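J.: The chain contents come next:
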Amino acid sequence: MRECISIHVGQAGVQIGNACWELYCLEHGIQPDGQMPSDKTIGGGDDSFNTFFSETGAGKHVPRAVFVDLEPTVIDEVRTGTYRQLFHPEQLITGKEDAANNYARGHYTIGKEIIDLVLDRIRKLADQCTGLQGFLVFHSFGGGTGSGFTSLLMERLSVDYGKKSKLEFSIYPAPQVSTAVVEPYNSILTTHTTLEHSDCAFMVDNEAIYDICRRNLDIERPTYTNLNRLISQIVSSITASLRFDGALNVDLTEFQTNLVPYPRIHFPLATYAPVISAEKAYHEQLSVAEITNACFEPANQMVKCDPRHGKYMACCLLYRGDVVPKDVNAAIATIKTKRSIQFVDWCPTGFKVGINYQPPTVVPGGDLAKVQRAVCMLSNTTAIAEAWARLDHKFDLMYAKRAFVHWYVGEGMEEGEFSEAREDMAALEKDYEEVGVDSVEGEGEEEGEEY
Amino acid sequence: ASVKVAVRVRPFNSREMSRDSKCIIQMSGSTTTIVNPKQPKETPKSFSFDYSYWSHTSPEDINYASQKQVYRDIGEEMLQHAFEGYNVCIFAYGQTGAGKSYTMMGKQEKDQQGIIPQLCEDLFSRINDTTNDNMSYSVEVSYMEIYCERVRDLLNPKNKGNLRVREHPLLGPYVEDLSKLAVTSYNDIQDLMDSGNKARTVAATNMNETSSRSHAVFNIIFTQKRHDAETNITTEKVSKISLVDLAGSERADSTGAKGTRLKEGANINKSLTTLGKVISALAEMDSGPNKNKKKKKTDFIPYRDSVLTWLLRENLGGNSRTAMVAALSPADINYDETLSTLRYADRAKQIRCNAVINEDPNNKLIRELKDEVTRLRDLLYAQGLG
Amino acid sequence: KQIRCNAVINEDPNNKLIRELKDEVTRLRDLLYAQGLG
Amino acid sequence: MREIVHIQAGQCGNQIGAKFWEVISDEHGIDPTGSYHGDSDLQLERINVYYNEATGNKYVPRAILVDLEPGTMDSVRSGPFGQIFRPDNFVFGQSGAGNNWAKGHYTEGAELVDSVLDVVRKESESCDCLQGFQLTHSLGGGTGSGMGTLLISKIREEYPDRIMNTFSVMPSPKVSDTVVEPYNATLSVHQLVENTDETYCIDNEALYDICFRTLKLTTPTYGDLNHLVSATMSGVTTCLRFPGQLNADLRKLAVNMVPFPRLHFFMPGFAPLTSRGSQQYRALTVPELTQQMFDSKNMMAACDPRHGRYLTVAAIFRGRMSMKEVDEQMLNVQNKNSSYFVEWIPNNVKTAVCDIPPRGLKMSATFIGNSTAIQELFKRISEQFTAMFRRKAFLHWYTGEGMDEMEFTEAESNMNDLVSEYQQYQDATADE
Ligand SMILES: CC(=O)O[C@H]1C(=O)[C@@]2(C)[C@H]([C@H](OC(=O)c3ccccc3)[C@]3(O)C[C@H](OC(=O)[C@H](O)[C@@H](NC(=O)c4ccccc4)c4ccccc4)C(C)=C1C3(C)C)[C@]1(OC(C)=O)CO[C@@H]1C[C@@H]2O
Ligand SMILES: Nc1nc2c(ncn2[C@@H]2O[C@H](COP(=O)(O)OP(=O)(O)OP(=O)(O)O)[C@@H](O)[C@H]2O)c(=O)[nH]1
Ligand SMILES: Nc1ncnc2c1ncn2[C@@H]1O[C@H](COP(=O)(O)OP(=O)(O)NP(=O)(O)O)[C@@H](O)[C@H]1O
Ligand SMILES: Nc1nc2c(ncn2[C@@H]2O[C@H](COP(=O)(O)OP(=O)(O)O)[C@@H](O)[C@H]2O)c(=O)[nH]1
Ligand SMILES: [Mg+2]
Ligand SMILES: [Mg+2]
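Chains as they are written, first to last, in PDB author numbering: chain E, 1 to 451; chain K, 4 to 389; chain N, 352 to 389; chain B, 1 to 432.
Keep in mind that a hint or two might mislead.
[Unchecked claim] Derived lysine-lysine pairs resembling DSS-like cross-links, with alpha carbons at most 25 Å apart:
1. E:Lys336 to B:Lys379
2. K:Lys266 to B:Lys58
3. E:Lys163 to B:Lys392
4. E:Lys430 to B:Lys392
5. K:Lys71 to K:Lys44
6. K:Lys273 to B:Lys252
7. K:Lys373 to N:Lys373
8. E:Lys326 to B:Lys252
9. B:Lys58 to E:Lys326
10. K:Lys240 to K:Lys48
11. N:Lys367 to K:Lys367
12. B:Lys174 to E:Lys336
13. B:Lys392 to K:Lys273
14. E:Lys311 to B:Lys392
15. B:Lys174 to E:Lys326
16. B:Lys297 to K:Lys300
17. E:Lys401 to N:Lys352
18. B:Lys216 to E:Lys338
[To be verified] Some but not every residue of chain K turned toward chain B, in silico, with C-beta under 10 Å:
19. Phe86
20. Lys299
21. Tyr338
22. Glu340
Quick caveat, the hints were computed from the structure, so don't treat them as lab data.
For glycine and all other residues, C-beta sits at the position ideal for the given N, C-alpha and C.
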């Protein structure tokens, strides 16, 4: 029973959770009311996969989800929506104001009196679980709740459970586009928790996904629904290895064993290759080589960063559908001969491969074409440093004059939690710069004894 | 420094007296002569060793060697080498039931004690006599056996488990979780010796009533310290004294072994055969590069084929000064076996070690640089430039 | 009055001694080779 | 009555064992449900080598299945021959090793090793005269490598006099499926060189090369690799089961192939292999099998024999054929390729002949080589090992589970010593 508990914090977290749970319900043939007529039609089976859904006596299936936010609006949209009967009635929503783009308000003042209930319900979910693999936390940098309350919850979880993996999916601020004036402060103040407590953090950018939607899917006016659906596809590709049979299955521990060389560099990028519209699904073969090559194109990255400016440290490919090992081997072999893709000299292997038989599903009303093959790549590289550096600059431009600071100090913080965070960012950037340097020439300086 | 080689011949035992008692071993000076009983017409083959010892008759004075004689000749020399700061080893060799237990351990109740007790007593006397305000000494003991490719500890109380052999990157092989006991007086180490000899595995066979069943290694770690508050360095010297008693080769026909006693013997023979190869291999290499030209291209020594050769990697060659004591049997019936020992002994002297021994490489570098500064300053002063 | 603090550095005495002795050896050798005494 | 206990560990070992039990089961004539439906009288004569006899005229294979992830076990049970195995031998836990050798050997496997040894002891006690074991696993993986090494160590501790075989799938230069393969491979090879009598080397690159070039398949899967490997395993131990003009027990192969104890890494091969299109053209005879066995491209280890020397080789033929032709062909192979054999082992070719071929063939042959070229493989791993160990690329995962740098260093030193021990005999002209 490869059980995984999902936690959604903030508006971005709740909406990505809506998309994710729509996809999960469609994958296993669960109706919006929690019933599964597939078993009744067939007679019995294991289709109620215990990764996400828990089966009660009467044939209903309750998801292993925990939605949290400080605004009643975002989750009251779910309590009276299509999926109102699917979730347990307990949704952990503080009937008060919100963090208000304020890390201090979400971490110290209002984050209290809601953390205890959240931890209690997480404990109740964990008690029902046997062989719990880890957590999947969804949130967004730049928001008050998704920064402060996520920090508090991650701290408490690291205190309590400790050894269980805690993966992170977060929406990083874009370089140019933004939706708040105090995004850099909230983003920078979360580095301590996203570093010390998480085991692997996946970052995505709205500008990159908008570019992908405009260029590949030919959607000129996308909304957040398309972005959430793409992120849901990414998470499903990650988690499919422990729900369906396959030639090579990759658990959540193999992830961390293969992708993170050192504890402090666990920030891999993610990407999905066969992102294509229904009309353009024709005129294309969609073979293993094509999707595998498209995973490495800088235009297809989900974060505004150029891999050509850095070096690849580790790669994990997860294939779905009608795929065979020899095509994957040929794709990796032809990739290794390209000079535009550089690997660090101290990781000569540089690839982890997993294959799953279940092909990706299509959500009605969606925009992704039905395909026979797919691949999700997760790549730990050094180009991500750039994504920090720009944001770091922005932070300085506001902290030189102490703008917007009185709101933060008026809720419980002092200015030093505003420098300590900056120094931690600087140290992280120094680490990323140091790891990517080539080994010094003949690293034992030089050698050669008599004979 | 070449390996030192001693050979010794023992008197007749009951098995020899009951059967034909014709002697074949003769000794004169440093020369040991063996004569083929089956071919009296043949040449009296002879070998020149560093030391040879005749223990056949005690009243007479024909180069008779008591235990104290061999002890002075080999063990006292090697102990003096140890005091100068050199890792040191003495190991026994030959065939089953010849002389190893008598030579190395001896009979404790009698005055004819083996090399290990006399070395330990002289070492304790020297550390007690030469003690001073500045000088100081420390000593530590351990004792292990190799039974069937498995290491066991004797000085420790009953530990049914078998220890694990490991490899420090700089110091080479060692035995993990080995009870290294601190000792302070001759009586205490004597008690440890008695307990260790009791703990060994010994079984009776036709060739000998107390045939040893396991190789044994006795290690003494000695530390020599000089205290000075101004210039001198404490822990000036550290040395390792290794006395090795090997179970001898056996033949199933004469031994009469069956079942477990046979299987043990097989392992013993294996642990000897590999050892012989190593000795031969080592000799040729240290003969070849030294004499041939100096090429030093590549030569492989099969150290890893047995745990005995693995643990003694630094003893048979490298960073130690080593002596080899061969035990002979005067019986005519034993000739075809006895000569074999001599052959390997004849090769044993060819082996050449490489021992320097230092400590605290930071102090080594500092001392080297300071000595260079002093030498250059003295040269400048002598030539009028200082 | 925020001012530059710099890093307080305390070198190891062993490394200092080794470096000083190496420099002294080099200087004395360059002196001795100069006066054609080496 | 000689017979073998069988152990399977990891995904690769489990799948290869499943395919192997389907092949052996045909030769002996066994229904998937367990009943016997053969035609020849000699199939049941020595069936006890692999199969225990149940009450209802059924036959239960003497297999042990080991893993830490339950999923593979399900794939064995929900298969063509899933019901043949007794449920009591399915030993498994939860929370698999995750490609971490430390978890497999020290932390997780240390708890399941007791149960696995209990089942192994139960199977071995009922044996009339236990010959030896054989283990199938992958060195470059997680639970497979670690638990295989641990079980090998324990069994050699408890059964020192019996043969301990091993079929290992090691990393490849180009084919790589895990980032941390060198660490697992190095530690596994350090464990195997001490505690094993025979170790057959298998590489995915060589099997894919055989499939593409020899068998001309277009879309090979792991089924074909398992097919080739299982054919090799059935070929190795033919002579315990069926009569022959000149038999060859496992101990005979061990004695004749191993000159020194640490040199027991073999290169396997099988013949004939014809692609299903050229079957009507070639004549099948002993010279053709001899030519195909010694061909470089037919080996399963991806190490060219031309880059070294053959310390020893063994040829096990199956079929009705003349001994004179076999001896003449082996002598001709020795004489013509004079430079690829060592000069101090005269007649370094073991020969065995069995009178019962496979069911669909008139003749067949298996080749077990022992050559210095295998050093290349180890060298490659060692190179990659250094490239990660010098910077400590992924060492925190291993050190967090109760290891240290010293084990890595000693494993690397042992591997280098083995690599040096092969080269010694590799060069010609022993004098200078
Ligand atoms: C001769 C004929 O008309 O059919 C042959 C055949 O065409 C060939 C091509 C067979 C065929 O092999 C393959 O096509 C193949 C594909 C992938 C991997 C391995 C083999 C055959 O499939 C394989 C099959 O092999 C057997 O039946 C053996 O007994 C084999 N057992 C099994 O394959 C087997 C598989 C599943 C269940 C039960 C038995 C065996 C081999 C060694 C030791 C013991 C058993 C045979 C003779 C043939 C076909 C069917 C075409 C060959 O294989 C073997 C092992 O015999 C390919 O090289 C040989 C040469 C044969 O001529
Ligand atoms: N991809 C994606 N991003 C979103 C979505 N909703 C919000 N975001 C991101 O979230 C950022 C705003 O922070 P929020 O997470 O909404 O803050 P919050 O969770 O509402 O918490 P409060 O600030 O206290 O209200 C914006 O910059 C968006 O980029 C969404 O539906 N999809
Ligand atoms: N030179 C000697 N003078 C007097 N007695 C001796 C002499 N050499 C051996 N003995 C005795 O003869 C017997 C055989 O010697 P012993 O030392 O036990 O053989 P060993 O070296 O132990 N052979 P093994 O222990 O199997 O490797 C013992 O009782 C010894 O005390
Ligand atoms: N020949 C063969 N090799 C396999 C198969 N499955 C996996 N492998 C190899 O095994 C390696 C992965 O090891 P794995 O089975 O995951 O080890 P485990 O995790 O301990 O069970 C890969 O490098 C593959 O090349 C198979 O079915 N056949
Ligand atoms: Mg909000
Ligand atoms: Mg003795």
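J.: Against each hint, give a clear statement of whether it holds in the structure.
T.: Now the hints, each set against the structure:
1. E:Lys336 to B:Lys379: 21 Å, holds
2. K:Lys266 to B:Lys58: The hint is violated at about 40 Å.
3. E:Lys163 to B:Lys392: 23 Å, holds
4. E:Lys430 to B:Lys392: It holds: about 18 Å lies between the C-alpha atoms, which stays within 25 Å.
5. K:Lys71 to K:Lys44: 38 Å, violated
6. K:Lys273 to B:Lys252: Holds. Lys273 (chain K) to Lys252 (chain B) sits at ~20 Å (cutoff 25 Å).
7. K:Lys373 to N:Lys373: 9 Å, holds
8. E:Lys326 to B:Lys252: 38 Å, violated
9. B:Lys58 to E:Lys326: 40 Å, violated
10. K:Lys240 to K:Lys48: Distance ~44 Å between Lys240 (chain K) and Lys48 (chain K) Cα, so the pair is violated.
11. N:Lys367 to K:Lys367: 15 Å, holds
12. B:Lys174 to E:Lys336: 10 Å, holds
13. B:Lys392 to K:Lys273: Given pair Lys392 (chain B), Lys273 (chain K) is violated - Cα atoms ~40 Å apart, limit 25 Å.
14. E:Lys311 to B:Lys392: 18 Å, holds
15. B:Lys174 to E:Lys326: Given pair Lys174 (chain B), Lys326 (chain E) holds - Cα atoms ~12 Å apart, limit 25 Å.
16. B:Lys297 to K:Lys300: Roughly 34 Å separates the two Cα atoms, so the pair is violated.
17. E:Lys401 to N:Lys352: 15 Å, holds
18. B:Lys216 to E:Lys338: 29 Å, violated
19. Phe86: Not OK, violated: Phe86 (chain K) not within 10 Å of chain B, min 32 Å.
20. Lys299: Check failed: Cβ of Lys299 (chain K) comes no nearer than 12 Å to chain B, outside 10 Å.
21. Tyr338: 30 Å, violated
22. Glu340: For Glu340 (chain K), the interface hint is violated, since the closest Cβ of chain B sits about 25 Å away, which is over 10 Å.
Comparing the model with each earlier hint shows violations of hints 2, 5, 8, 9, 10, 13, 16, 18, 19, 20, 21 and 22; every other hint is respected.
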